[PDB]
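Let's look at chain A:
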Amino acid sequence: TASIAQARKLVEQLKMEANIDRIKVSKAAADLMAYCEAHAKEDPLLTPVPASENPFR
Partner candidate 1 sequence: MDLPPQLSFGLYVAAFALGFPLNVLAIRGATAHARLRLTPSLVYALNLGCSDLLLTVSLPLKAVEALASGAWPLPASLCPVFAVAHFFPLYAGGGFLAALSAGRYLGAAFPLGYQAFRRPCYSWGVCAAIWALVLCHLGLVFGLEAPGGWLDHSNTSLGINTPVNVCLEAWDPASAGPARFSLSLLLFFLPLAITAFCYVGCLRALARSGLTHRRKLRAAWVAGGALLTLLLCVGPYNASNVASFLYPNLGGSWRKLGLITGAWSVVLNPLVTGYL
Partner candidate 2 sequence: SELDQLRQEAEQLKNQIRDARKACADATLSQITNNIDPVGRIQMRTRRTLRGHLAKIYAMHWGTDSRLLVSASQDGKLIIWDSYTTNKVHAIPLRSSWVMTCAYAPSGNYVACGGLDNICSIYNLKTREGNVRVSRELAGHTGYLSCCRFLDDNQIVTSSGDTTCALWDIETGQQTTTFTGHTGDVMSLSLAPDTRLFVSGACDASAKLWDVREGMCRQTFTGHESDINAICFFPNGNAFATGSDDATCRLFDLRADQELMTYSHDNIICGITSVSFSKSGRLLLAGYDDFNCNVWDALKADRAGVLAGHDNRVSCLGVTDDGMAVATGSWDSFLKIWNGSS
């Protein structure tokens, strides 16, 4: 029977998935704000570049 083997692999999958170092949602949100704030000046779209620098013009 292939059903038992599939179920065994599936339960092993969730077992190995469960044991992960999970941090709080607030920590991930703060990391996202830090990423989008430090790299804000380096984003051509969020902060438009001067027309001289803009390669497409």
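On how the list was made: all candidates are chains of the complex that A comes from, given by their letters.
Structural remarks
Here is the rule we use: a contact is a pair of C-beta atoms (placed from the backbone, for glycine too) under 8 Å apart; a residue touches a chain by one contact, two chains touch by 3 or more; residues count from 1.
Listed candidates 1 or 2 all sit in this complex, but the one touching chain A is 2. Listing the residues of chain A that touch candidate 2 in their complex gives 3, 7, 9-11, 13-14, 17, 20, 22-26, 28-29, 32-33, 35-36, 39-40, 42-46, 48-49, 51, 54-57.
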